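> Construct all of the structure, not just a fragment, from the sequences and the given hints.
As a plain string of letters, each chain reads:
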Amino acid sequence: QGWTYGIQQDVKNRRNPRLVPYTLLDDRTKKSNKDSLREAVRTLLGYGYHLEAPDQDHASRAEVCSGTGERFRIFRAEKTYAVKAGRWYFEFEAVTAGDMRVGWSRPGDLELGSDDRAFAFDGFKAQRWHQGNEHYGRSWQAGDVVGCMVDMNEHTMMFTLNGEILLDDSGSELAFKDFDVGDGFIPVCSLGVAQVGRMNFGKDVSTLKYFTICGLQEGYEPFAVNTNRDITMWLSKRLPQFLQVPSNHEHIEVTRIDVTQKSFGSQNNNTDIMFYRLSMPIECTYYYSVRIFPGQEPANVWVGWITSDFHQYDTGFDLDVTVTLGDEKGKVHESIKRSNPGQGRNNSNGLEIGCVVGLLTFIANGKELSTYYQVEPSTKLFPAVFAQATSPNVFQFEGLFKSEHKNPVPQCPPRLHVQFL
Amino acid sequence: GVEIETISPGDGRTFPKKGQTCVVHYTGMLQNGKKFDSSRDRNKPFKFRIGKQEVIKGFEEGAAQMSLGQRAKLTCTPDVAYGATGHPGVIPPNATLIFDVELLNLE
Amino acid sequence: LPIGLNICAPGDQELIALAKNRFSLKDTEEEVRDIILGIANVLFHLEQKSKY
Amino acid sequence: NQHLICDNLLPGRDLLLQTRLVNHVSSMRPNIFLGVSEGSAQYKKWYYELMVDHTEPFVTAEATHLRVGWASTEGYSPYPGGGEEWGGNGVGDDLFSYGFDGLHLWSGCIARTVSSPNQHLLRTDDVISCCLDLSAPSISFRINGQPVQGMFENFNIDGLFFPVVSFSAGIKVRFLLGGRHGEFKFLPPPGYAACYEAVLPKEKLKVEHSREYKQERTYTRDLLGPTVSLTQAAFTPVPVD
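Chains as they are written, first to last, in UniProt numbering: chain A, 1014 to 1121, 1125 to 1274, 1285 to 1310, 1425 to 1460, 1465 to 1484, 1496 to 1512, 1517 to 1557, 1570 to 1592; chain B, 2 to 108; chain C, 3473 to 3508, 3551 to 3566; chain D, 628 to 868.
Mixed in with the good hints, there may be bad ones.
In the DSSO-like style, the derived pairs of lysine-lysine whose C-alpha atoms are separated by at most 27 Å in a straight line are [unchecked claim]:
#: 1; chain 1: A; residue 1: 1473; chain 2: D; residue 2: 671
#: 2; chain 1: A; residue 1: 1193; chain 2: C; residue 2: 3565
#: 3; chain 1: A; residue 1: 1253; chain 2: D; residue 2: 841
#: 4; chain 1: D; residue 1: 799; chain 2: D; residue 2: 812
#: 5; chain 1: A; residue 1: 1047; chain 2: D; residue 2: 829
#: 6; chain 1: B; residue 1: 45; chain 2: B; residue 2: 19
#: 7; chain 1: D; residue 1: 829; chain 2: A; residue 2: 1044
#: 8; chain 1: D; residue 1: 831; chain 2: A; residue 2: 1043
#: 9; chain 1: A; residue 1: 1025; chain 2: D; residue 2: 812
#: 10; chain 1: A; residue 1: 1473; chain 2: B; residue 2: 45
#: 11; chain 1: A; residue 1: 1539; chain 2: A; residue 2: 1288
#: 12; chain 1: D; residue 1: 841; chain 2: A; residue 2: 1219
#: 13; chain 1: B; residue 1: 74; chain 2: B; residue 2: 35
#: 14; chain 1: A; residue 1: 1253; chain 2: A; residue 2: 1539
#: 15; chain 1: A; residue 1: 1481; chain 2: B; residue 2: 35
#: 16; chain 1: D; residue 1: 831; chain 2: D; residue 2: 812
#: 17; chain 1: C; residue 1: 3563; chain 2: A; residue 2: 1225
#: 18; chain 1: D; residue 1: 833; chain 2: D; residue 2: 671
#: 19; chain 1: B; residue 1: 74; chain 2: B; residue 2: 19
#: 20; chain 1: B; residue 1: 74; chain 2: B; residue 2: 18
#: 21; chain 1: A; residue 1: 1253; chain 2: A; residue 2: 1225
#: 22; chain 1: B; residue 1: 36; chain 2: B; residue 2: 18
#: 23; chain 1: A; residue 1: 1473; chain 2: D; residue 2: 672
Rather than coming from a laboratory, the hints here were simulated on the basis of the structure.
This is the structure in structure tokens:
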């Protein structure tokens, strides 16, 4: 209807707080009616009503509970601040509890103890974490120092909870033991969402809460006892970017061979999505391909020429800038630059062609599908297309297109230059 | 040409004349926003007179098309700037230009 | 308190000076553990020293 | 031969290499969430104002920063550093965006002229108003009550966005929302609303600094963990039906 809510005019005034439901309101806006309702339903108990609640163990139907793993910010310190010898110790308070585990990492999304590059133990469950699960010590809550520590020479990893050295099922001080030093071990803190921590490496022995008990007399050192500076921290981040060459994925390979060709592809069921960004922008109608195996849509692909900015690797598909000039009137003008497909194949059906002169036509397999835009002030690009498949031979990768990236002219044959990775 | 644009003008009247050291604190730029010059960081205001042919004519025409106290966004072209030769080692061939000019005084 | 520290440390120290090692202690602790293995006097000595 | 070759390596200049140090800025917002899901809408026309005093480089470079044009957080996040758009870690950074700073909209370093007489920056004592337009994007601002035409189409409002303000150093301004705290010198025009209507209980609304990871901590280093938003489940309020 729009009772006092007509957004354009609001012909009748006196909007009220009640328009948003009683989730916002409370018994102060319900004492008049709810007492009558409660008297009525009490007399309906007088009728003899029978109704147990649905969300109880008795009437067992509450089956909409499950964990939510997301933004496990693995806080850290600098690799350069690593340690490979001597006794070290550092405290860690806690404002809450939850899926929240700390310890010692190694320089190497996968949480602590899932692989052989970190040692840690939880408080939600009181169990060790190194390449598996193992019970240890005791849980905690708010206002609980953990006080992890190592003796790097003889491998005595311990955790001192307000002076309490925590022990395993066998009742032993040494939680972890017999670890090779290698590239040292650095502090680390994992935190699921709606969990909070606060750390104190060695910044002030006064600010250290419980260090004189079990850290001072044992020859165990703070981290920042000598550093006259802000020791640094960093964390597993949200956006994806380009730094590394894998060559060690689930199963995907890189090479180059003559029109060009490479060698690629997995077998594990790639229900999820992948990433890519070529290292070298090569340069020496303009037909040149980029082939990918799953053709005639084993999974429906979504080809879109796109710039640097992204934020998502999930199934949020079909959710993607225009000049509109005014003349002191409001009527738009000069709207020619605006908004600054779903088919490819390799094996089953085709390939994916590039084109150049400003002028562009990215369409697969030589068939007109009405490309719309030709917008480019300037966009540096290496190829990056990402999609699903049913996992047959899951990926591949193939003047010409190698002409509009650098200063030489369009020329077909690209020559030998020692970097092509 | 010098397609002048203003940013925070002042009087709009005190235009320059011949033999007038335009005391500028400019901050040049390039297309694609790749910076190539400055004066704010040096803390050394530029100084040049009119008609002496010291500077490229873009700055001279921009000053003649400018009043005192007038922050601006000039826009030169290769015709007035270094052209298809280009200033070597800094400017490439056939480069448009941007300048966050700010005139202060005349002596 | 250091007075209480010296109070609890002296008795345990006199205990540990005699209870360091004994073959009779080994056999008697083995018989007791099989009936009910020596008690952890070193653990309690460390627990006292951590406070002291 | 050295001077020959030294003067020969330079003028290639595709070899030559570029850096550009940047002013350090930070965003800000009020405690309001947009939260407008389609189906149980509340107010698709909001209005709030901002009032300023000083924007001077007293000992700084004059390359300052002040914008209010809304950005796509489907395109942007509250981080302190990064991005190939010369950083400038604030509002209007992401290419699917714009930004109102008195004279122009720099759509990810793409200058787009705005239609307004008396073009000038957000100088001392100059008010900045905001409005809302979704179903056909022509999102309006005004400066001291004068026609800011040529508003923006095709910025991605596929769903919602987030309310923002960004500023560099050497700045001193004041929000205006309502009550005592909004002395609206230019009232809501027809079909709008002074945007202090979702003042929810359990807290007086205030600023939030765009879900910062850590402020200037002093006691120790506080790993203020993941608080993704008001709701880990989603970004939406609950009309019960």
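> Hint by hint, say whether it matches the structure.
We went through each hint and held it up to the structure:
1. Taken as a hint, the residue 1473 of chain A and residue 671 of chain D pair is honoured in the structure, with Cα atoms around 23 Å apart against an allowance of 27 Å.
2. Proximity of residue 1193 of chain A to residue 3565 of chain C is assessed by CA-CA distance (about 25 Å); at most 27 Å being required, the pair is judged to hold.
3. Under the criterion of a C-alpha separation no larger than 27 Å, the hint pairing residue 1253 of chain A with residue 841 of chain D is consistent with the structure, at around 15 Å.
4. Taking the CA atoms of residue 799 of chain D and residue 812 of chain D, the gap is near 19 Å; set against the 27 Å cutoff, the hint holds.
5. Straight-line distance between C-alpha atoms of residue 1047 of chain A and residue 829 of chain D comes to about 23 Å, which keeps the hinted pair within the 27 Å bound.
6. Simply put, residue 45 of chain B and residue 19 of chain B have alpha-carbon atoms about 23 Å apart, close enough for the 27 Å limit, and the pair holds.
7. A threshold of 27 Å between alpha carbons decides the hint, and for residue 829 of chain D with residue 1044 of chain A the separation of about 20 Å falls inside it, so the pair holds.
8. A hinted pair counts as satisfied when its Cα atoms are at most 27 Å apart, and residue 831 of chain D with residue 1043 of chain A qualifies at roughly 23 Å.
9. Taking the CA atoms of residue 1025 of chain A and residue 812 of chain D, the gap is about 25 Å. The hint holds against a cut of 27 Å.
10. Distance restraint check for residue 1473 of chain A and residue 45 of chain B: the Cα-Cα separation of roughly 44 Å exceeds the 27 Å cut-off, and the hinted pair is therefore not satisfied.
11. For the hint pairing residue 1539 of chain A with residue 1288 of chain A, the CA-to-CA distance comes to about 23 Å; that is within 27 Å, so the pair holds.
12. Among the hinted pairs, residue 841 of chain D with residue 1219 of chain A is consistent with the structure: their alpha-carbon atoms are about 17 Å apart, no more than 27 Å.
13. A threshold of 27 Å between alpha carbons decides the hint, and for residue 74 of chain B with residue 35 of chain B the separation of about 15 Å falls inside it, so the pair holds.
14. The suggested pairing of residue 1253 of chain A with residue 1539 of chain A holds, with an alpha-carbon distance near 24 Å, which does not exceed 27 Å.
15. Restraint check: the Cα-Cα separation between residue 1481 of chain A and residue 35 of chain B comes to about 23 Å, which is no more than 27 Å; the hinted pair holds.
16. Distance restraint check for residue 831 of chain D and residue 812 of chain D: the Cα-Cα separation of roughly 23 Å lies within the 27 Å cut-off, and the hinted pair is therefore satisfied.
17. The straight-line distance between the Cα atoms of residue 3563 of chain C and residue 1225 of chain A is roughly 20 Å, inside the 27 Å bound, and the hint therefore holds.
18. This hinted pair checks out: residue 833 of chain D and residue 671 of chain D have alpha carbons roughly 22 Å apart, not beyond 27 Å.
19. The straight-line distance between the Cα atoms of residue 74 of chain B and residue 19 of chain B is roughly 23 Å, inside the 27 Å bound, and the hint therefore holds.
20. Of the pairs offered as hints, the one joining residue 74 of chain B and residue 18 of chain B holds, with about 21 Å between alpha carbons and a cut-off of 27 Å not exceeded.
21. Taken as a hint, the residue 1253 of chain A and residue 1225 of chain A pair is broken in the structure, with Cα atoms around 30 Å apart against an allowance of 27 Å.
22. Of the pairs offered as hints, the one joining residue 36 of chain B and residue 18 of chain B is violated, with about 30 Å between alpha carbons and a cut-off of 27 Å exceeded.
23. Annotation: proposed proximity of residue 1473 of chain A to residue 672 of chain D holds, straight-line Cα distance about 21 Å (limit 27 Å).
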